[PDB]
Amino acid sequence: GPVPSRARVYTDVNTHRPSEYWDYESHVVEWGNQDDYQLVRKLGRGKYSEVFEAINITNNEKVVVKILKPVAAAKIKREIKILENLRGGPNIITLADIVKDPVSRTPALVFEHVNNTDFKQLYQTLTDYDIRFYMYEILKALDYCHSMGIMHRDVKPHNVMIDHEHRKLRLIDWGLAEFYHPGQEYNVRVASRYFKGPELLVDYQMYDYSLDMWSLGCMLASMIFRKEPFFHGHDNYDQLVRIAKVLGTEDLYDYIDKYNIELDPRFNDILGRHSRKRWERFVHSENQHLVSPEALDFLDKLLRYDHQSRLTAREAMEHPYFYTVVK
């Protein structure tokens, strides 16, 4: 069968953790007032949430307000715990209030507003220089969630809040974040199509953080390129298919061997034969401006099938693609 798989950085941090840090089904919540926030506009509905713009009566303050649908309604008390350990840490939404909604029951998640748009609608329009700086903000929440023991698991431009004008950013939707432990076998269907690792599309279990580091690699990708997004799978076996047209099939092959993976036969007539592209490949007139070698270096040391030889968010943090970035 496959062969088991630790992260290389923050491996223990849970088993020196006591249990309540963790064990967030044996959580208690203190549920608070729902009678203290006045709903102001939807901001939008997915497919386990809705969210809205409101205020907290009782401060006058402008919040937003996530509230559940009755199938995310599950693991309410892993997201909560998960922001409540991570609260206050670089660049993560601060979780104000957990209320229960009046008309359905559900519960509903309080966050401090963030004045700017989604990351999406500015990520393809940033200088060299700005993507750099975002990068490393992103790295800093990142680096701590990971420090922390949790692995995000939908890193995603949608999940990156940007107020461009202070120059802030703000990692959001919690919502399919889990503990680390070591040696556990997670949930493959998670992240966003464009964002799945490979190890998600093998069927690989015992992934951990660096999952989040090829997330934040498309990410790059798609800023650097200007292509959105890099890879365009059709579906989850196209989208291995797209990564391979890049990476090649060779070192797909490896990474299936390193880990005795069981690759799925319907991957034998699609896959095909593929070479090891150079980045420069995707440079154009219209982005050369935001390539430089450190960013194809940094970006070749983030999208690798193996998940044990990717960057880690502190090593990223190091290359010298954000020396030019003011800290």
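The term rigid core refers to the maximal set of C-alpha atoms that superpose within 1.5 Å between the two forms. Positions refer to the first chain, counted from 1. First, how it differs from the form deposited in another entry.
The residue that stands out in 147, 116, 236, 85 is 116, the single one whose Cα moves by 2 angstroms or more between these two forms on a rigid core fit. After superposition on the rigid core, displacement of the C-alpha of residue 205 between these two forms stays below 2 Å.
Superposed on the core, the two forms barely differ at residue 188: its CA moves less than 2 Å between these two forms.
After superposition on the rigid core, the Cα atom of residue 127 is displaced by less than 2 Å between these two forms.
Having seen the form deposited in one PDB entry, could you give me the form deposited in another entry?
Since only the chain itself is given, any partners or molecules it might have are not part of what comes next.
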């Protein structure tokens, strides 16, 4: 059977905090007044919620309302508890209130509003300096939540709001976040396909905070190499093959052998044998302005099969790639 794994950092956080901190099923929700909020426009809808721009009529300030779709009550209580635990943390979205929507008959989470700059505009115009700057801001959010015993598990550009005019970044959508408990087996059906860590793709359930660092590396690779997404799988199986065409199959076998994981035999028809590639192979005249030896070294330390070998968020903050960023 699989060899167990533990995070190399923040293993004891949920042990030394009181049970009320992580026992989200026991949490009693403090309900606000739904009449304080007036929905202005629908911003979007996903499989878990409908999101609206709204106005808080007690102070005329813009807010964002996330009306939850009915799903297992445990998922709703977990997101609320995580948001309350992390409130006030660097670059963590602020949960302002929780109200009962009269129409949906479900909880509606009210958040601070972020004037989110167009994503296409950010992807197309962020400079080398801006990418370093915002990556450092995301690392502040991730080290904070990991230090608080929480893994986000859905790190991707759509979950990072940036108000570029005010150089303000917030990490949002904590609906897939979980408390990290050493030895716990987690559901591998988390994160969006292109951001899924190899641990999810090989069905290794005893993962930890380091899953977020893989997803962060996928974001950085796409951004600096101008290749959206960087690992472009047609499905979850082809997703691992796309990773193996860059990182190589020999290091993939070293990883699964270390943890006594067997690949699904369906990989025999599609995986093949691939050498590890040098990161310089992805550099060309249209992305060279965003690449540096420091960017490649940093990327190499995030995009590693072995989840225990990746840089932690706090180690990543010390990396030479961020020396140019004004602190």
